[PDB]
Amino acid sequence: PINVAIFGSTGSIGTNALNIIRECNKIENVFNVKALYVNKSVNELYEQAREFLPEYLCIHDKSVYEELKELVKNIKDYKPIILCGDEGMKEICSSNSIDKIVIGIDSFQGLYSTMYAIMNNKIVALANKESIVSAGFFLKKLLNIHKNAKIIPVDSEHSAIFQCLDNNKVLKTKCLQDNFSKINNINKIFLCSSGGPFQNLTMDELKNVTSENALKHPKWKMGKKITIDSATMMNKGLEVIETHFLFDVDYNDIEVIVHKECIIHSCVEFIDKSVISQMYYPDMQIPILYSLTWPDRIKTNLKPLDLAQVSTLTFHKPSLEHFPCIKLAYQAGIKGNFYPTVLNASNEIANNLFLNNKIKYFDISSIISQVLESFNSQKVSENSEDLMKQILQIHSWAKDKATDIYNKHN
């Protein structure tokens, strides 16, 4: 019986996790949902608690804490431990009844909860790519100290890569470890991209695209920030750095490939040049499920892939002139140090400015480039606590520098 906590259970990752858990549990009792954690969605959490009956409930916002206590009195034969804030989150991570934690929260609370899950030697199913890009050095150090802790990737391309690896090799190492690629015989990665809504657009058309164009009739309905990142291909840029950190693959050995059908989710070339790929319909339930079942798989009732119906799969190179965010991501990754932290923070601001019609498409990459050029490399702190503060200071600095650049030109 797999004992799982869901952090951010009313978000997209959290609700997809509970859906696949429900469906798999109908086939065979595999999962025990031990904890649910949300920001402020009391009614939604109450409804989840009535179905899954977790041992723990937690809610960040303290003004709806007593409302939650009163709601759960309506549930028959059920006496949960009801907690609140960061202290509740810490108590959940330290519980001996929890084996695996799905991190479905963004920004700092994602990183903070990941930190606590690692400190308690848990399996961490991590969907927040920005935390790996920004704080990769810190997570790597924490994983070296807490030897039984593991990060298992949920980001679909990185789940795909992970699924292409031989678990007889994977089990000798773990993600975010030096020498991961060597142990797994990895030569090179094909990192698949949908390409977003702008692949056929000219440079002159790209000059005038708006956030409405990027968000209009999405093929897959996902959040605004990632949709804008998909449009600029900064999503893939961030994912290149994520690949480097998770799998210890050199930047020269990561190739972005535009695959508009989104059936092949990524591919791994091994040292003999054989290539393995993972395929399914574009659906987050498979990557989430594998993060919770690894190193095994369990039965689902998901729709089987019909390759004859799919019929055609296509691949092409992305144009770096048209999608300069990709180039900037590689440059930041290759330069190393805290340049990925700066890239991520400056993109957070630029993405949001574009979303709100404050800047143009190529201003996104212009601002990111300028902030990157404004940063000086820093000696990397050997001390774990100093290193986290260093990352947070640089993050804050880069957001401010991006905002100042905007303000001056405006």
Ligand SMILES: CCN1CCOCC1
Given for the second form:
There are 2 protein chains.
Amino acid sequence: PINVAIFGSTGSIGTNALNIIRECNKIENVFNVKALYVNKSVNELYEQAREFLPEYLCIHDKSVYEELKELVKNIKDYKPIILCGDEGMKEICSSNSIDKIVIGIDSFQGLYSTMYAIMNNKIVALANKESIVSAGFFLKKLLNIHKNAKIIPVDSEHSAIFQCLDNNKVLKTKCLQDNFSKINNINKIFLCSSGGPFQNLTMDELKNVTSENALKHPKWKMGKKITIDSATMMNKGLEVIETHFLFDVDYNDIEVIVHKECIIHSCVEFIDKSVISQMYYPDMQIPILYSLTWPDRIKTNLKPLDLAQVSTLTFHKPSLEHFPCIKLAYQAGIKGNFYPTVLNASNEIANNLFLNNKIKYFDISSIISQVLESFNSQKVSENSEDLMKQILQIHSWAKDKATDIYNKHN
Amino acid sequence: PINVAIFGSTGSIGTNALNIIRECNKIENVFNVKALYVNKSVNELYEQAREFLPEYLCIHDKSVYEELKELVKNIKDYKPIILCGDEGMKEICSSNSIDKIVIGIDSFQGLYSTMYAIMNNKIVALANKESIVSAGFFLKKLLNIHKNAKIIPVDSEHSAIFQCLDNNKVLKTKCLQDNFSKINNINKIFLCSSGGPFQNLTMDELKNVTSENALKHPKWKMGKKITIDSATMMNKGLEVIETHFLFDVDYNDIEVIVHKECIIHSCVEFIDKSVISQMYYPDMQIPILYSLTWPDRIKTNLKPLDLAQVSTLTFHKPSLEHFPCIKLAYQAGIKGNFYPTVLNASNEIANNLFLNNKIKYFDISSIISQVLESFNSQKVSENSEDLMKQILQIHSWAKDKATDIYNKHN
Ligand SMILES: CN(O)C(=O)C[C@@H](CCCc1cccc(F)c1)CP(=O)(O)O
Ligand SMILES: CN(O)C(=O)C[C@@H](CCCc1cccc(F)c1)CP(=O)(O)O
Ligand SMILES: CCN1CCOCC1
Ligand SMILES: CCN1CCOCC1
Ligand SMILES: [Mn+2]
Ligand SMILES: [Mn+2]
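Switch from the form deposited without the ligand, shown above, to the form deposited with the ligand bound and output its structure.
Time for the whole complex; same chain goes first.
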């Protein structure tokens, strides 16, 4: 049986993870949900606890810790370990009864939980792409120290890439390890994008777009931050850098392709020029499931892909003039050093300014570009605690710099 | 270094194999071409021998054997073993210096060479689909006796399927084994078809199509027999049965899909419902190369697939009313026993009758149907020699029955 912890169990990734676990367990008992962790949502955690009966419960917000204790007395024959804060999270990661940890939290809690999962030599099903973009050097260093820890990608395109690889080769390496691409015979990556809501707008139309336009009648329902990133294609920019770090693929060997039907999730070209791709309806259950079953697969009752009904699949190049965030992401990646940390942090601010109607579409890439221009490369700390501090300090600087640029040219 | 024999080195498969071998060897010395075998083309074989310098040369036709000996004296620093006939073929298959054998011969000599390759525990890169359809039971039995022998598929769709599988699972089994699909977590197959030249034709138009219509300026340039089979979609019907035998996939789990662009070569749905597909320009060099490099891949200088330029990929269901040969193939496969032998043999006759303007389009399916209706199931021989004789006798009976039906109606 596979013993799983879910970090951020009431968010999108967390709820998809529990749905697919529930459905797969109805077919055959394969998963034991050993731990659930949430930020604030105390009642949603109680209902999850009543169904899944995990050995561990944890909540980041200590104000609702005592409430959680009392609600759990209602559940028949159930004596869980009930925890809170970063220390509760550390205790879950260090349990010998947990094999695999799904990271469905963003920002610091996502990086912090990922770090502790790796330090305890766990399999880490990572859906927080910002952690890899901002802290890739630190994650690499940590994975080199903790030899049995593994990151398995959950981000849909990176799961697709991972699914296209031969496990007889994958098992001789691991994600974020130097030479990953060489061992897997990877030549090039087609990184698929939906194109987002603004894909067919003229330059004159793009100048006027608002966050309400991006959020309204969305093709796929997801969080506000990623929805804005999908609109600017900075989601795909971040995913380019994610691809480079996870798979050791050179930036010149990553091609972004707009695939509006969202059936093909990405493709891998091998050194012989044969191309392998992964396909399904747009649904996060498949990527999450594979991260927990890899290197095996298990039966589901998901709807089978009906290719004749789908009928038509399309592919085109993105315009870098319309989506300058893509260009900036490649430039930051190629420059290397901590420029990806700076890209991510400045985008965090610019995204939120646009979300809250403070700046226009092209101001997003303008602010990011200016922050990148204001950063100087730094010698990379050799010590891992120093390296984490260096990343956090650069992240903090870059957010402040974006905000100062906004405040100046108001 | 990979020691390879090519049987039928002057045919389409053989010439494509030597081309990709040549081109890969320019990049890195990977292949040693150890043997070449042709029917009658002494001059062509001499030219191949001058380039590839194989240890063995063999020619079926005895009347050009001495001609071959004297031609080869012109080649500097070269003393090959020069052989003739079925006896030379057997000697090549028993050589300890040969590891992999490409079977690019059709009809009996294809099956006969495959048998000898398997008896000598070789890797057999098999392009002759008719041998799998007709003699699947016999090949399966032989592969269970000779445990180190393997069949690796070269037929493009079956190569695609094979390339979509995890070699960490494939290496626990082999093609044509019972439980192959179970070990590989296969649920269902999408078997891609070009559709041939007649997808837009009405039933009344199909009634009058001729072999010239099927052959003149076709989509893909290939031999006359397969071109006719592509027009009727009996090519795909045979490939359904091939899929069943190679991969132990139930007929209800094989779906034929018309994909006119011929970029996606087939797809595999796994038990979780994730789908993997293999893609490239239509080109036999990739399937041939993978059969010789499996479980590894090597570098080529082939043109990279440009997905944006391709732009659109399409999929639709074939009409069984318009292409009744597909229905007949499924019916024969599902009925089992030696009905696939009968299907293949009757089609051999009907195809050739149509090719020579002796019968009409729907007469092809009419003749095949009638021969199928005229066959009675037989107890399947347990002895491998009795089984081979049983298959050959049924093959001969079915050709004769098809010819008698034609003659009576004529
Ligand atoms: C789902 N995922 O990993 C995303 O990054 C969001 C993508 C893809 C949305 C469609 C999709 C694909 C796969 C699963 C899913 F839930 C939803 C939007 P893009 O940045 O390409 O414009
Ligand atoms: C190539 N191949 O294995 C065929 O069976 C011929 C097919 C496919 C021809 C296109 C093609 C695909 C892959 C390689 C290639 F050389 C050519 C014709 P169909 O029966 O589907 O109408
Ligand atoms: C040109 C804007 N940036 C890109 C990243 O490198 C610094 C400069
Ligand atoms: C209906 C025509 N045939 C199909 C194969 O089984 C025998 C009958
Ligand atoms: Mn993604
Ligand atoms: Mn084929």
